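Chemist: These are the residues of each chain, in order.
There are 4 protein chains.
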Amino acid sequence: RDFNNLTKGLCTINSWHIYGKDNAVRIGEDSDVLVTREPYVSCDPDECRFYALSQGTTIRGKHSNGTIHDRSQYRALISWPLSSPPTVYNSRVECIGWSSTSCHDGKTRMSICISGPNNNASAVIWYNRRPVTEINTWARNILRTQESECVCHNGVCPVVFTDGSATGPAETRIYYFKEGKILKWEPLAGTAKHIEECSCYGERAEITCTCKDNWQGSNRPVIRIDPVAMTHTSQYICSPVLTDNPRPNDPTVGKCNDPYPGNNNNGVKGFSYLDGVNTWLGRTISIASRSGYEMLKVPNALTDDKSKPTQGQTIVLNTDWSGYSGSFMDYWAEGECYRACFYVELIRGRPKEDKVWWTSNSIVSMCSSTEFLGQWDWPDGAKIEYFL
Amino acid sequence: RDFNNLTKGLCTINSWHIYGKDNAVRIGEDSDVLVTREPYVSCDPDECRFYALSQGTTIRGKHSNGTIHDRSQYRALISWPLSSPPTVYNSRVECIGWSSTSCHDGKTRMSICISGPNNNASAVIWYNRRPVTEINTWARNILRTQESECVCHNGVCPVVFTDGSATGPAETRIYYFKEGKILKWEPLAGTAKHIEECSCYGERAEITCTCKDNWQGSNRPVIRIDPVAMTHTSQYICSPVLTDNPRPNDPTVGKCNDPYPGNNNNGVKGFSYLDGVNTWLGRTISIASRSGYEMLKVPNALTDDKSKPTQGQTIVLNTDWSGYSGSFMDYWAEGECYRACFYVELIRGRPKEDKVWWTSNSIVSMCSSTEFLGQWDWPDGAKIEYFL
Amino acid sequence: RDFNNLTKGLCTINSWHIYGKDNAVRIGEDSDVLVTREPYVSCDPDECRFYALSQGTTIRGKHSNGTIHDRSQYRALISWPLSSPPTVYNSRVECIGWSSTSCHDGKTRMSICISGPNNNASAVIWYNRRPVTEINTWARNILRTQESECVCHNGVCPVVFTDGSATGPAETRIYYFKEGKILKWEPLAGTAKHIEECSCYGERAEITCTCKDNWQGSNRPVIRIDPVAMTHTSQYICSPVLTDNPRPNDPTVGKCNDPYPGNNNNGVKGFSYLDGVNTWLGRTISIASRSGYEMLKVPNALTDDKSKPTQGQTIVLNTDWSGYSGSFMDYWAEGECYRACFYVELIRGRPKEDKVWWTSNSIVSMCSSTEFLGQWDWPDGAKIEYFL
Amino acid sequence: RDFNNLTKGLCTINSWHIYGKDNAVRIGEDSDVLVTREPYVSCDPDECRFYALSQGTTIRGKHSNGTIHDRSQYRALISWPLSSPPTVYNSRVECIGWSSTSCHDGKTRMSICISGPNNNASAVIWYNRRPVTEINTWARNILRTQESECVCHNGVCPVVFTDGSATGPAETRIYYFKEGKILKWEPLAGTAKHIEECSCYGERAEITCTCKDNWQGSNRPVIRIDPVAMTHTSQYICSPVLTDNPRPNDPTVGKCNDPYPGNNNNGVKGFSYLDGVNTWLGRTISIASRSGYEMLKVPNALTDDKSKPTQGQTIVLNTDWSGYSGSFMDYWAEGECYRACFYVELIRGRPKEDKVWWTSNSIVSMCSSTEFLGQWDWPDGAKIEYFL
Ligand SMILES: *[C@@H]1O[C@H](CO)[C@@H](O[C@@H]2O[C@H](CO)[C@@H](O[C@@H]3O[C@H](CO[C@H]4O[C@H](CO)[C@@H](O)[C@H](O)[C@@H]4O)[C@@H](O)[C@H](O[C@H]4O[C@H](CO)[C@@H](O)[C@H](O)[C@@H]4O[C@H]4O[C@H](CO)[C@@H](O)[C@H](O)[C@@H]4O[C@H]4O[C@H](CO)[C@@H](O)[C@H](O)[C@@H]4O)[C@@H]3O)[C@H](O)[C@H]2NC(C)=O)[C@H](O)[C@H]1NC(C)=O
Ligand SMILES: *[C@@H]1O[C@H](CO)[C@@H](O[C@@H]2O[C@H](CO)[C@@H](O[C@@H]3O[C@H](CO[C@H]4O[C@H](CO)[C@@H](O)[C@H](O)[C@@H]4O)[C@@H](O)[C@H](O[C@H]4O[C@H](CO)[C@@H](O)[C@H](O)[C@@H]4O[C@H]4O[C@H](CO)[C@@H](O)[C@H](O)[C@@H]4O[C@H]4O[C@H](CO)[C@@H](O)[C@H](O)[C@@H]4O)[C@@H]3O)[C@H](O)[C@H]2NC(C)=O)[C@H](O)[C@H]1NC(C)=O
Ligand SMILES: *[C@@H]1O[C@H](CO)[C@@H](O[C@@H]2O[C@H](CO)[C@@H](O[C@@H]3O[C@H](CO[C@H]4O[C@H](CO)[C@@H](O)[C@H](O)[C@@H]4O)[C@@H](O)[C@H](O[C@H]4O[C@H](CO)[C@@H](O)[C@H](O)[C@@H]4O[C@H]4O[C@H](CO)[C@@H](O)[C@H](O)[C@@H]4O[C@H]4O[C@H](CO)[C@@H](O)[C@H](O)[C@@H]4O)[C@@H]3O)[C@H](O)[C@H]2NC(C)=O)[C@H](O)[C@H]1NC(C)=O
Ligand SMILES: *[C@@H]1O[C@H](CO)[C@@H](O[C@@H]2O[C@H](CO)[C@@H](O[C@@H]3O[C@H](CO[C@H]4O[C@H](CO)[C@@H](O)[C@H](O)[C@@H]4O)[C@@H](O)[C@H](O[C@H]4O[C@H](CO)[C@@H](O)[C@H](O)[C@@H]4O[C@H]4O[C@H](CO)[C@@H](O)[C@H](O)[C@@H]4O[C@H]4O[C@H](CO)[C@@H](O)[C@H](O)[C@@H]4O)[C@@H]3O)[C@H](O)[C@H]2NC(C)=O)[C@H](O)[C@H]1NC(C)=O
Ligand SMILES: *[C@@H]1O[C@H](CO)[C@@H](O[C@@H]2O[C@H](CO)[C@@H](O)[C@H](O)[C@H]2NC(C)=O)[C@H](O)[C@H]1NC(C)=O
Ligand SMILES: *[C@@H]1O[C@H](CO)[C@@H](O[C@@H]2O[C@H](CO)[C@@H](O)[C@H](O)[C@H]2NC(C)=O)[C@H](O)[C@H]1NC(C)=O
Ligand SMILES: *[C@@H]1O[C@H](CO)[C@@H](O[C@@H]2O[C@H](CO)[C@@H](O)[C@H](O)[C@H]2NC(C)=O)[C@H](O)[C@H]1NC(C)=O
Ligand SMILES: *[C@@H]1O[C@H](CO)[C@@H](O[C@@H]2O[C@H](CO)[C@@H](O)[C@H](O)[C@H]2NC(C)=O)[C@H](O)[C@H]1NC(C)=O
Ligand SMILES: *[C@@H]1O[C@H](CO)[C@@H](O)[C@H](O)[C@H]1NC(C)=O
Ligand SMILES: *[C@@H]1O[C@H](CO)[C@@H](O)[C@H](O)[C@H]1NC(C)=O
Ligand SMILES: *[C@@H]1O[C@H](CO)[C@@H](O)[C@H](O)[C@H]1NC(C)=O
Ligand SMILES: [Ca+2]
Ligand SMILES: [Ca+2]
Ligand SMILES: [Ca+2]
Ligand SMILES: [Ca+2]
Ligand SMILES: [Ca+2]
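Top line first, the protein sequences correspond to chains A, B, C and D.
Under the authors' numbering, read the first sequence as residues 82 to 169, 69A, 170 to 333, 335 to 392, 394 to 412, 12A to 12B, 413 to 468, first letter to last.
Under the authors' numbering, read the second sequence as residues 82 to 169, 69A, 170 to 333, 335 to 392, 394 to 412, 12A to 12B, 413 to 468, first letter to last.
Under the authors' numbering, read the third sequence as residues 82 to 169, 69A, 170 to 333, 335 to 392, 394 to 412, 12A to 12B, 413 to 468, first letter to last.
Under the authors' numbering, read the fourth sequence as residues 82 to 169, 69A, 170 to 333, 335 to 392, 394 to 412, 12A to 12B, 413 to 468, first letter to last.
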């Protein structure tokens, strides 16, 4: 109909309720489920769906061997009905590639897939299910993007890309698209020293992205975008409650404009909702591996370098595997506020579980509740032994 | 379009005709059928569908081992086309959880799923396929609901929940929802001493629920709801034709306001159509187990403590496994009256058939006929030996 | 929109072109294809689909053992997209039962399924996918119907049913339905001595049904129905070109009002297009078994007791298995005439191929061409050995 | 809505971006994927889909044995969602046969399938999913057509057919269809000596077809059609950059009106975009087998007998199997020009890989970009050893 405008603020997050869970690995042990990774969730005005990068093979299939690898010609961005697993028969291919993002502007959806060899990748921007624009690699070193939904305001959908080194300064760009066309792009500015895999959400005409500094920071970089002025700023979450993985133990004081040191060249896609006292941070429980997952209410985390948790909710036990996590919201829901949501990728297989030769995942997702709900843990649920 | 109003009375039930049957267990022996239990049927203005709580695994899958358990993080309310089996590829997830209800108000559908550990469960009410309201456990002991469809009148959809003990007094509440929002809730009143798993239907602006007294009664408690005044009453079916399972043998006189004694802390979800002389009761044939199923016309069963059968129809032979049973009607059918319908869950596997490690079921459903139709029996039809 | 009216006459049939073929048995050797029999084809204003009676199991499934049996509680009328096979995942259940018919009146579809034990069967008439009317057995001996599509004119859809003996006089009735309701029914009249499994088509406000005399005739009985007056007549195809199976060899003169003798208590569902010189008869090539299939142009076959073929087309070689055959037309196609169509059931398995324990079939269907097209043969195509 | 008119010219092709890839063989190793060959892509105003000739069996199925054969009664033209594989459950049958073409005229789609024995084949033209016209073989020797999409202009959709010898002069006809009806047909004229499997596209009210001279030419014949005047011309691509397979090595000067000699009675379906300096030719890398695939910018290839490449892009490495290739465009995309697209059939199995008994393929497809994008190679990706 008309382009969606981020006119609402976030609902008060007093807890998280279960939203969707596909049990993909459990089910796929005996059905035609595609191997995936890098999943996310994204809504259209009339439906919300699961998304992920397929590996072009079923989990039980012999070609599942080797799926620990991130980039190949057999990957594609696929979407499928909420809480169903990604099967060969119900998965819709959005585009071909090994890195992606996607978002609905209120009229139709834009999907972006990057493919290519490491030194010669290219992004193709699809709009209304047709290819419209292409962008060639600018630094010839793994052109890559969000791996979770983008956000639009009045037809303008900003997207963060990075090209170049993963362990030194790289060239990050913010593209402002409208109907799949490039209105403008800027180089990253601000104090964030390295950006990768941004998780974004929008509220009150502003888009907030919590990304990952693979190079040096264990605290997360944040990019705040003005989609009208088509400008942005960047900094790090000030809070001592560190949210990357791996990471050092939490200090008593964090860093607002520099990476918090202790762990180099590694990390995991993650997210946060930065809204004053209504601030919630997601993170793996383990400081060493992609294990467990918890949400922590850390009032003013973005700007307070001594902020610590006032409430929390465990999502996945530390004795269970987690993975990437990102933000999304149903911008077309009823009500006066946007309900914050997120997903956690529950990785199974390699490298942690090497008795099998594949790597895949399932998805669990929650949204906020203004109630103070009881908590449960949500593991993948599959028994690896069954796959042997 | 407009909210549906319960303006019609029930059609005269002179017999029951076959409505739907999915043969899920037979088919699933060699196809991707999800393991389920707690099924039901519910109609939208343009389609009627089968519903059930998936176990997050196929029957042939290795994760089917252990599905005798009722609550886990791998369950979800799913719906699928009438008479098809619940397959991985055609099952639509309504919400995540281990206890549910769902009903269409004429404009859109409300689905409710409860999830959580036993001492910290919560219900999330979905409307128009979006989460709208959440209710935290009030007694910290297995918050649970109907396991069959709710009913709406002018947008108001009452739902019966129970939280607390299964073998002593508990806290049952009647919630009046409208567009997924809580208009009001009441504690249970009347003479019913314990309520669980209500089976409801509506006619002439009144909603009748036949539930189960797990604690003491072998006769069934009944809750009659006024969805306009948003008030209710409760009693037991007066009839000596006892309809819970297990149960003692039928006496010559029943109880109207107390549980009929003889069997404690056990029972099965069931239903009835209480409409004066047009009254029909469903029940297992066996007084000891979930075996067989029959419909008995017991005129004035609700109010006559000496009422006995005047007609009957066998649905499932006593040599075949049955299970839960509940009511539903197509409130959007043509004609001058609502045609009473019901389903019977045909449980296969554990605990009765323990040579297999799973527990699942298929569904059979009938609706009333004003004709006096010949009868057939409708078993699940699967051979357990094939699964060995 | 509006009820369809049989305003056109048949197109001139100069040959038959391939219309649809599902290769169900070939495909089902390694995919989730339901076991079926008694198939047919029927069109809606916007789509034409394959129909059949499922056996409630896949062909590869262990429950396929015993599917030679015609009636069980596990059968149902299913429909699926033209030329696709009947799979667990794409088959839509129309109703439950072991004998059926179905037809679209231009506004919506009426489907009829009969279920029950032999002495207590009942038909339930569905309209707009809802049960509307039920008819109890009148002779307590296998109430049964067409097994191919019915035909409507101005909302009136006549259907032929038979109840009683298969080897002596029975009680055949013609029901005139409108919106699933019974407007009227008549007992069979005319000279046809026994009627079963009528194959019908409509043209110029008249409905012609070629049925089967299981009792005595090797020539086929024909019922011509006036859907406006709601009256009918019956006789036999006069032609010496005999079209039942089994049957004696063709004589030089046939019978117009008596069964042509030579074979008792057996037969096969079949069809014909009786339109003066534009008359075409279908039949198995073998006089002993359901083997092969051919179309023969026999001018004035219905009324000329010495009529013999003037043209022909082989459909299935005598070295290949055939089975039931029936008529249907797309009453919603463009043009000035109705194009005659038919299907042939290609039965595989028992009793002819007893190395397997199942019985199923695939479907081949053709429509007429005004051209004189070259001919091909169309076998099922599966290798039974693969199933061993 | 209204018939589409070829009002735009081609976009400038500066490189090719990835459009779709189904990874059919990889996926089908462990899922219900139909065996196919002769694939293509074709768009409707609201969706673009993959098309191919099914073999009526899954790849893992036992009936896959022998699928190297081109014509049988078990083949059919099927279409399925872009980039999904052709599965038993998502494949839509357009018509039955072993040679086909299909195209949308802006209002609805026309599909053509030819079936029959070699000496008695016939084409049936479907429009709006109904059979409308039939054409009998005129030379009694494998009536055959494009194997890729046709193109329409103001409702007129020309199609090229060939009947007769594959190794001597044959009878090629150009049919001009409108709503499935024949408006006119012409015999082939011009200097092309033999025509088979034309790949066509339209721009500025002209339709260009790059075909294959199976008899003598290693350079490709080209047919340019005027869909308004319903007339055409034919010649060969003048360029010395030879594009059939097998073929001799490239000379320094080609032939404009005669086949370039060196290889007789063999070839492969291929295509080209002939647009002055914006000319791009596709071809296998190997001159001996269907191995590899590359796009070469050869300015004025059609008319310049000394034209050589000025740019290029490798699509499939010479160490990977290719096959047929053809053209298609989304005539309903936004913008001022038509974006040239093509697909490459990646054949697996026999005859090159004879350790398996089947022959199938997957599909890769690209569209042009005005950018100068980096290149990747796109192989089928399956490991034959897994199928052993
Ligand atoms: C039924 O359901 C309800 C609802 O869920 C249940 O109630 C919830 O219970 C939760 C668990 O108790 C609770 O979550 C905790 O909240 C704490 C904050 O509240 C307390 O402090 C505030 C502020 O003073 C008070 O107002 C309030 O009254 C409380 O006293 C958080 O602090 C908790 O998080 C910390 O602990 C957990 C372990 O429990 C860690 O995993 C987590 O990371 C936090 O601790 C680490 O980080 C901090 C900050 O840097 C460090 O100081 C600390 O030492 C830890 O650091 C180590 O560990 C991390 C992670 O591994 C590592 O990176 C670091 O380097 C160190 O090694 C926790 O979030 C909910 O708020 C509460 N909800 C409600 C509404 O009440 C109820 O129990 C359930 N009922 C039943 C019967 O089960
Ligand atoms: C073709 O189809 C038609 C249509 O279906 C077939 O006709 C039907 O036939 C049915 C079977 O005969 C019949 O069903 C029975 O109806 C009885 C009522 O009718 C009779 O009584 C009335 C009232 O006097 C008369 O008007 C009428 O003329 C009849 O005489 C019911 O009473 C029957 O139910 C009882 O019996 C069955 C076993 O048959 C039990 O399973 C059932 O639970 C009932 O009996 C138990 O309960 C009562 C009440 O407390 C006890 O008194 C009794 O002792 C039993 O108690 C024990 O068992 C229960 C259950 O296990 C346990 O809990 C308890 O503790 C005790 O141990 C039965 O419903 C249909 O009405 C009839 N329909 C029609 C339209 O005619 C026809 O036969 C078919 N034709 C062919 C050729 O097959
Ligand atoms: C390319 O394609 C074209 C188009 O398909 C091919 O041309 C077609 O070729 C067909 C086969 O030749 C042909 O079909 C036959 O047509 C005959 C009628 O035409 C002839 O007679 C008329 C009338 O005089 C002439 O006008 C005309 O010129 C012809 O001369 C039919 O009579 C044929 O049917 C009979 O024969 C077949 C076997 O071929 C039997 O299976 C069939 O049942 C018919 O014969 C039985 O029945 C009759 C009637 O009672 C008996 O008299 C006879 O003895 C047989 O009876 C025995 O067998 C039956 C069945 O088993 C049993 O029940 C009984 O008891 C006895 O045991 C046949 O239909 C097409 O018309 C023709 N089409 C066209 C447009 O030309 C062309 O060949 C192909 N090209 C190539 C290169 O292959
Ligand atoms: C990142 O991505 C970019 C974008 O893709 C990469 O850049 C591309 O690199 C490509 C590979 O170098 C390049 O493709 C080549 O383009 C040549 C034309 O450009 C050159 O000549 C023009 C004209 O003078 C100059 O303007 C220009 O500056 C260049 O110098 C083509 O000529 C190439 O095709 C020929 O070579 C390939 C092998 O590379 C053959 O397979 C192909 O068939 C062509 O050669 C055969 O055919 C010709 C014509 O008859 C014969 O003369 C020749 O001898 C060959 O003949 C034999 O082989 C054939 C085929 O087997 C057989 O039939 C015959 O009988 C003989 O046996 C090639 O197309 C892109 O244009 C370029 N793109 C851009 C935008 O720059 C970049 O490298 C990537 N980066 C990294 C780091 O990898
Ligand atoms: C989002 O904001 C823009 C205004 O910036 C709205 O766009 C206007 O919509 C009406 C109706 O389509 C037009 O007549 C105006 O010209 C539109 N645009 C501009 C850019 O002025 C848009 O409708 C808003 N979206 C919603 C859902 O209300
Ligand atoms: C069910 O009853 C309510 C009346 O209580 C009907 O609601 C009215 O509908 C018309 C048309 O939508 C409105 O103009 C009235 O204001 C509505 N509501 C009320 C609450 O007054 C409703 O239409 C009835 N449903 C049906 C199917 O007739
Ligand atoms: C089939 O015939 C009936 C007439 O018998 C047509 O029905 C009339 O249709 C118009 C428009 O719906 C009405 O105003 C008339 O009253 C209708 N019926 C009768 C029974 O008189 C019907 O439209 C015809 N069908 C088609 C497709 O034209
Ligand atoms: C393609 O060209 C034809 C004109 O040749 C357009 O057809 C005209 O469309 C309008 C509206 O449908 C009619 O009133 C004219 O009579 C149509 N036809 C002719 C043949 O004159 C057609 O609309 C054009 N297609 C598009 C998409 O614009
Ligand atoms: C099922 O689980 C039980 C309990 O863990 C185990 O002992 C049993 O062997 C399992 N059965 C199968 C077939 O795996
Ligand atoms: C099929 O059933 C028959 C009869 O019960 C039995 O003897 C036979 O062995 C079964 N065949 C198979 C393969 O199970
Ligand atoms: C395939 O068919 C050939 C030829 O009939 C046969 O010899 C061969 O063994 C078959 N291969 C397999 C795996 O069945
Ligand atoms: Ca880091
Ligand atoms: Ca399988
Ligand atoms: Ca009880
Ligand atoms: Ca007979
Ligand atoms: Ca050639």
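Just so you know, not all the hints are guaranteed correct.
A pair counts as met if it fits within one copy or between any two copies, since identical chains are not told apart.
To be verified - The calculated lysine-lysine pairs, modelled on DSS-like cross-linking and capped at a C-alpha distance of 25 Å, are: (1) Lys463 - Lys264; (2) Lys435 - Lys89; (3) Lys143 - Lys432; (4) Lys89 - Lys258; (5) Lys143 - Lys387; (6) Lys463 - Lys435; (7) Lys378 - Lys389; (8) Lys143 - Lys435.
I should point out that these hints are in silico values taken from the structure, not numbers from a laboratory.
Chemist: Hint by hint, say whether it matches the structure.
Modeler: Hints, one by one, checked against the model:
1. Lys463 - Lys264: Neither way: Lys463 and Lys264 sit 48 Å apart in one copy and 44 Å across, limit 25 Å.
2. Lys435 - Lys89: Cα proximity of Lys435 and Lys89: none, with 48 Å in one copy and 57 Å across.
3. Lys143 - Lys432: Classified as both: same-chain Cα gap 20 Å, cross-chain 22 Å, threshold 25 Å.
4. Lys89 - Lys258: both (21 Å within a copy, 23 Å between copies)
5. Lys143 - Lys387: neither (51 Å within a copy, 49 Å between copies)
6. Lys463 - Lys435: both (12 Å within a copy, 22 Å between copies)
7. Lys378 - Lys389: within (8 Å within a copy, 62 Å between copies)
8. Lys143 - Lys435: For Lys143 and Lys435, both the intra-copy (15 Å) and inter-copy (17 Å) Cα distances are at most 25 Å.
Consistency with the previously given hints fails for numbers 1, 2 and 5, ordered from lowest to highest.
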